[PDB]
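Student: In case you want the letters, here they are:
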Amino acid sequence: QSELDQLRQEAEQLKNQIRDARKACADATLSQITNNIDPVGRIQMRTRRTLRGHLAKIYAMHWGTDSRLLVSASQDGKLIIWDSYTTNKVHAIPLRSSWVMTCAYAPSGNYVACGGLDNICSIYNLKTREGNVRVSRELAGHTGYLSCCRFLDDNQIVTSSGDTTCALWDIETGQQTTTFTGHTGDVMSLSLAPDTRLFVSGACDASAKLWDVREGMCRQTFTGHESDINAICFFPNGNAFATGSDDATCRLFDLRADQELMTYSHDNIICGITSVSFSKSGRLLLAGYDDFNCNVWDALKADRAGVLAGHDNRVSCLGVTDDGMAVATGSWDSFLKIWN
Amino acid sequence: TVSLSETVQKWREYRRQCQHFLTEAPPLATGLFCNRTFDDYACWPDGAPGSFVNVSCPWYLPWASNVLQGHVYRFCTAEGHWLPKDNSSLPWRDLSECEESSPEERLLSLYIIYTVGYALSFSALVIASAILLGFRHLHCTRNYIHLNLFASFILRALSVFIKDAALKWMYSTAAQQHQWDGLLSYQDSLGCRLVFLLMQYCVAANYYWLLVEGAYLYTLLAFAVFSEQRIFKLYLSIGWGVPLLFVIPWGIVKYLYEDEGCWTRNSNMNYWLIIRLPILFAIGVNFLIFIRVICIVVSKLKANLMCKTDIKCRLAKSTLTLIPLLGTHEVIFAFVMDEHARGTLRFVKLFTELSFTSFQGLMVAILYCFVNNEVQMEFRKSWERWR
Amino acid sequence: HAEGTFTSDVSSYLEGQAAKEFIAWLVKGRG
Amino acid sequence: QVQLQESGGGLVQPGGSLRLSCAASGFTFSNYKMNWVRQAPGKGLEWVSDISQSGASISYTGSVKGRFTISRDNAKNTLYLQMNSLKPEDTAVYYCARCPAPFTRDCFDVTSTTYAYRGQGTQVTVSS
Amino acid sequence: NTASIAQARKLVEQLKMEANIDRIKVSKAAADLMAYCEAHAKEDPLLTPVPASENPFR
Amino acid sequence: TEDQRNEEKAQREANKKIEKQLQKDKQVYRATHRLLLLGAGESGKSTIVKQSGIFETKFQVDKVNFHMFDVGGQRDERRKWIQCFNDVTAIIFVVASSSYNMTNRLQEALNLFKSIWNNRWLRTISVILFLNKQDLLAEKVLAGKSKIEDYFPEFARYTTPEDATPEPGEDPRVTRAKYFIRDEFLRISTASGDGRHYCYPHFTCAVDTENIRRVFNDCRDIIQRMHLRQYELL
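Residue numbers (the deposited numbering), protein chains in the order written: chain B, 1 to 340; chain R, 29 to 128, 135 to 421; chain P, 7 to 37; chain N, 1 to 128; chain G, 5 to 62; chain A, 9 to 59, 205 to 255, 263 to 394.
I should point out that these hints are in silico values taken from the structure, not numbers from a laboratory. Any given hint might turn out to be false.
To be verified - When the alpha-carbon atoms are kept at most 30 Å apart in a straight line, the in silico DSSO-like pairs for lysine-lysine are as follows:
#1 A:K32 x R:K267
#2 N:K87 x A:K34
#3 G:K14 x N:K43
#4 B:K301 x G:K46
#5 A:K25 x A:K211
#6 A:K274 x R:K334
#7 R:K351 x R:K334
#8 B:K23 x G:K46
#9 A:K216 x A:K34
#10 R:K342 x A:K25
#11 R:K267 x A:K216
#12 A:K211 x R:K334
#13 R:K336 x A:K216
#14 P:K34 x R:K202
#15 P:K26 x R:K346
#16 N:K65 x A:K216
#17 A:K34 x R:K415
#18 B:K23 x N:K76
#19 A:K307 x N:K43
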């Protein structure tokens, strides 16, 4: 006996050693160097589209890789595939489970997945030859609700779940290629990388992790956060990433710098960050907040460049076209607002 | 009571009769007789010089039966001239035998001026609707409906304003000239007929919209609303639909069967009640629905809401706020039947009550929609939002 | 109707007073 | 990181008094509703006592009501449990946990097994 | 104490593998952020006023 | 022009079919009443319904469609996912009434109830209360080895409701105790002070009698109070 105690001393103390390695790296700060940067000035978006199609509150969105289409999931069990330009409905899919907490669009547009409290990953094919959109493949390996997912390809796809673990699946076999574990809570948010080498994930342990898609190992654990991590998005180039949290602060972390880059907070905001997303360059950081006002920050200068009026109820989801051509805002008002 | 139409018609007839007398009565043996004459009001026959000339009071006067034995006189002087008034060309005459209260005028005359304040209601109602449409997040069955009620107070407003122009044209023309007002009233017998029939349509409109809202609450509470868009179009169709489909037979049938000009219904004695029964029926619906709404509100308040130890009477006052919306006050005017024919004492509460129902629109719109906690919260939140 | 009836009386007085104005206008003055 | 350092605990004969401390860091202790939650020997989690940011709103489990003192030092960002009326039935594993969400009323702690914000905890034992 | 030993071991292995990794001088990283911005800065619809011809919504 | 005109036609029909489907969807959907049933375990949450996934229940009652849901398939970290239901007609909170022993996990039920009650997202949701294990509560209380009075001393001086309903052969403390816990949720009811939602007690395990009459009538009344509250009566 008395082994767990020394385990605690050696374990946490070592943790202190890692902390030492982290803080020694602090030779500069992004804020120090942003003095020289010309800021953005007051620049705001405007409502280019008002999308009235949903009966219930819109809980999540995703862009189609064409920067044209975008996918929306509704709490009513309807999964609607929308068209930005013609503002019509590209497809309408009845869900098996009325509760959908997320959905995503395939890189090729072949498939679209959704998920929620149903504990199952619903894969729908857009290529159905016999007819309209039908259930293509269901992936149920999860011991917890289906929180989120994003496509690596048409075959293998990452999912996150309240089972506290993340999973890399393959549709055809119906099994998981590999399963990633080691967070202490539900994995609430994820963002894949453009190069799909590795992926970040936010969870309820107030820590953002970088895993490796292929290796199956935890590469890095970053803890700067004050509270739970609601939403997280990797930087376009793959070298950095942004974090939304319940801390009521959006925070910027680097993978390669292995420590906190920057903190965005405000003295007047008691409400958490629902969702986050980038700009083309990564100079602008979009943040949706529970106050129903979306602050547009300058991911470098750190001052809010602008704000988004909009939905009268909570902002659920936020997304930017792969080419950064457009911004999309889902809320619980059943209305989608598209901005630029 | 005597309308203009028979007044002009009968007068022209009297004038005609005089036409045959003056043209056709025998020529005089000598001109020393005063010549027969039409004063355009009476027919004077030939007159002997130096004698009194008499003609009966014109029989078409509204009070002719009260002055059936009156006569007016001219004086024929002995020179074969009608006796002349000094400084005037009319004959020395006695029309005193043909000469002929109503505190109601203060209620009657001032109400239109008083109704000028009623015009204020329209303005606020319009802006209230503008607020309702204004930011687009309020569209729902509850607000589309209340807005169309607002439209029905609008249509009554416009009907009363047009209605007041309609009567005033008759008055001011009477000041300037009424020779055409009789004919202009014949075009009104198609025109003002349109205006008044619209008037029926507006009052029926506003009350029948009260029907629709009562159905909204009772239907809402009792069981689920079914096919809200499709069923709703039928709801709108009863709200406007019942006034034309019902009223137009009554209005056109009443008009053509008994064309009493721009209208007095009491003489008809058979149209008011027959139209009133559906309108009264509507208000009776208001009585049952209002009684059930408050009985339900209190019933719910007592069970567990009371377990919050909250004095009811203040909340009951809050419930009283509902009263302009369903207008379930007219029943005091719905006691009136066919024989009753209103009442002199009733006339005061009946009329003042009418003013209240007219203000039902302004007060209702401001009371629960222009000043709504959610609407104020959204209006203000949008105020900062646009800022 | 509810407002009408009360005005129907008003128009009855209008017809009365107007007829009277016709009487004064015709009997004395120009008619 | 996010950490809470439990002090105190040990064997105490019933009836004593103790000022328990919890060190907060990795977050602003001022903004979080705090509570002490115990997991009894061979027993599931049970909420024990919570305290508002201001230290005004304060609730206890029926037994510990008024007889136990939860006190927060915000300026020092440390939490305290002062024990009176100690019983051997109160002996348990005491964790000091913070409510997850900032600036709120509810809390979703006392969640069995995994829970984000919690220290290593102490053993508080009341001898017989 | 019997149930904790698995988490103790595996988590210590977590510290073992995640303790030694390649860290870059921060100034270089942040300079990379600003530079990447210097590349896409004109490709940024929100940053660069979009010509209505090239605006998808106008 | 051929592509744009041609897509206006084809996609136009797409829009017509989809939208008409939508109007067919909103009425059927919104007409139903979705309820969130949750309890720790042994809640007889499957028993009430026993007399789509296993969790979701589709039922017809008195010309009123119901959608019950079981969260029994999820872990105990709820703060993330429980926000999914703020339009749900009601949160049914089902607790075993005899759970005061072991530890008094009913005290946990109290805390969790305060939790649901306190969320900004649930401010508009009424909680229907299921006290399960009524008889087991009464008997368990008479057992005495583990005492409520440690965890609820105020029972000694907290007073019986006026509507007292003892069962045949029932020591008055048992009945008053029952309503006493109910009142214990009541002070929680006044904790908000908003008046938007309310706690309606229920009894199960007394007999197998259906809660549907309760469930319905109370739900009916609740949403009626959404209309009334939004109609400025309350």
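Student: What hint numbers does the structure not satisfy?
Tutor: 2, 8, 10, 15, 16
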